[PDB]
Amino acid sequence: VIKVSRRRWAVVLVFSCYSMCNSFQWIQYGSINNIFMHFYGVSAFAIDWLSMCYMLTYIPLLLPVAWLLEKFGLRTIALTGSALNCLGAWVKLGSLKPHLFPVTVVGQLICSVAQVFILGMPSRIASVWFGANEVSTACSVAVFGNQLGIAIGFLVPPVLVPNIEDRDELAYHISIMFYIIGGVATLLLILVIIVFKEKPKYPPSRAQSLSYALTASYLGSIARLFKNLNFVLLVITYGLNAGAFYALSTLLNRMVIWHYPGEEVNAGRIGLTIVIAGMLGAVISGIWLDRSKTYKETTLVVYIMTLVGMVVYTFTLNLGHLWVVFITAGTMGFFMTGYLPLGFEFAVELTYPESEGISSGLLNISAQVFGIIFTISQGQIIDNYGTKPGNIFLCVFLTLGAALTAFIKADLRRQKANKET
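Return the coordinates for this one chain only, taking the form whose entry title says "outward-facing".
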């Protein structure tokens, strides 16, 4: 028998809330980066790592984490992800001194480990909890919540922490943010204990009901995922797109100031528009995918619009019109962020009935690997040859992704399971 539980929204809302808190702490150091350099007496690279350590810890630690999800369950993944997020939030509090910088790195590394229990999870929570006609919407909401934390992270820290020269008052203002983040993370950890269940009493869809029957080596599951030609192409293409987004969002601030000097206030607005429009695209992508069930056609269409959005952004940023950059960043952020739930759900189509944590996780490793490569590479071309070769470097690599995306077969295995009747 198949039934849909009413508490599915609470689980996603709670998951989106404490993924919002975890994603907030990724960017809270970079939002007031100019302040933390003065407080801790460190260079901008040190602070920029505090945000880049999220990507470099995901690459090696995902496979052990994905193994924990299969063996222990989703609730243990949620508790550990919430507890480490809460533990990392509290460790940051004990670091409110100019000479006590390493405690933040220890606190940030603990949070960065908690990301491994977060970023690959949204497709897993959506599958276990939500039905066939709302499975892709739930994944978008989790990405909506994760992107909301970034969106909140741009404007909340700068008003909680004024750029005051006095150190003792600056520590007090920074302390208030840490208490609030520690307060909400502990509050959300409390909710995860009582809200997050291991699984609903009834399977939501025929895909999950059949998955529980046709679900032993963990490395065998890894091997069969890479035996899939379609999934391997999707792993590369998703990394080419999501990795470009990480390089685009990180280097967006320095690219605008290169052409529009003295617009740091607007550069943050532009960097907020790419996220403000980002979650609107993510939610729309979830509803559109579930209404039409065209996962392959949307993947190519969104990927091309990502490419066209990057081409128009590259060749119109030079013209000197500020509102044009607002539209191009918003439009590209609309599609690139909308590709994240589309990529997660299309991977489940190609890799059914393999574990959604492994399938969507392997997309994330490619996103981190290409995001790290692009951020280091595009930063080098911008410094040496200019900003336009750096943006074209993403246009050329996104062009390859579109070509490889067209080679992905429309092998929707989960859809076949639903329609078996």
Contents of the next structure:
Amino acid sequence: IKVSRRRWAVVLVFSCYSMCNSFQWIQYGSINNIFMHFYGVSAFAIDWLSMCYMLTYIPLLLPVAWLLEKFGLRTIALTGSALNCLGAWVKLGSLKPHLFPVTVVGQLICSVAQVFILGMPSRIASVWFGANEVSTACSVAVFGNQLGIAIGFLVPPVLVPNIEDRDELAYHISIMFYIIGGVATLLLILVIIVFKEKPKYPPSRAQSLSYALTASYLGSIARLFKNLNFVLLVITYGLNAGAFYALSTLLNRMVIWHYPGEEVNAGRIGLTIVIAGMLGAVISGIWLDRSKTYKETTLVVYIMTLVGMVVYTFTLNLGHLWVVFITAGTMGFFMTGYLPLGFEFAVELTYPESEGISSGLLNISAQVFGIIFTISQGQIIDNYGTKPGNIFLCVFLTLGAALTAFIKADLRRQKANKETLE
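Given the form whose entry title says "outward-facing" above, what does the protein look like in the form whose entry title says "inward-facing"?
Only one chain is given; partner chains and other molecules are left out.
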């Protein structure tokens, strides 16, 4: 068994166009107050450019999983990169005040490519890396996707200033679309020449066993939904992860409403939320591995997410910009840090069911609640101001905190692991 040096280039290029794809998800929500003026549509319409990523994930998750297991890894990788590249070039045809529907068509194509990209953070690690490197390679793939959102907040406010003149505003928007289109096309060329179908030699003994080994999705889903403990965890995971999508999409609307101007600083808050959360994941992941106390750390971290919202909700309008950075950073520190806790707690409760099925339900719950929260909070912000909009998320996250408390620590995988040893 020998491993090839190509394994690091495979993840590096994958994390690059996953970074580009995540940029296009939030490139409209970071400058939401600017795209409203360019196209003349309301804030609800601009939020759809960030929510169509959520909608397409729900029905396309299962077929893409079947496609990935059928046509291999390279075919899905080419499809995901080409659609991401194709969607970026379609957007450049929408550089007119009246061509908003062209933007939606272009973003929907990028929305389809999101499913083909988020489907294999882990599968790339299995095929290309040995048993020791599976854990770190899977995190690097997720590392790029999260870092794309951080770039997606900081950059658009710098490239696109708040100009009343549509004709001059279109040039600045054109620069942003050209760079993303150029990067996506440049990475699409890279995907063609590096991503191969499989490494020349197996990377680990398990992969050799996996290749030699070579029920249905609906059969598994029935059994997981019989686990009451997992059903509660699915709901609580959706409330937390969905609150992240809702707040990220509406972050520009909340910040600009209380601080006129300062579009560039609103992007910095978005970067602060993501970057702090990226540090939250590694701390929570390391702590959970060492302590192995899945139930207690899930409740403590989930409560801190509620505490983050409470301090964020009331300190946003105090009139101080720096305190928003601290409150949003702490708020984002625990929201993204809860994601590794939810995944590990779900696999622990659903043993020996496949991790892909368990993680798929959590992701679907995240997108379903992301659409509900974004729609409901948007109407509340429009009609009742931004404070009831954030309070609405605080109330729901409080409901999730109680539901998590009733989850029984049925850590059956830990029981199974010690059973094999004895």
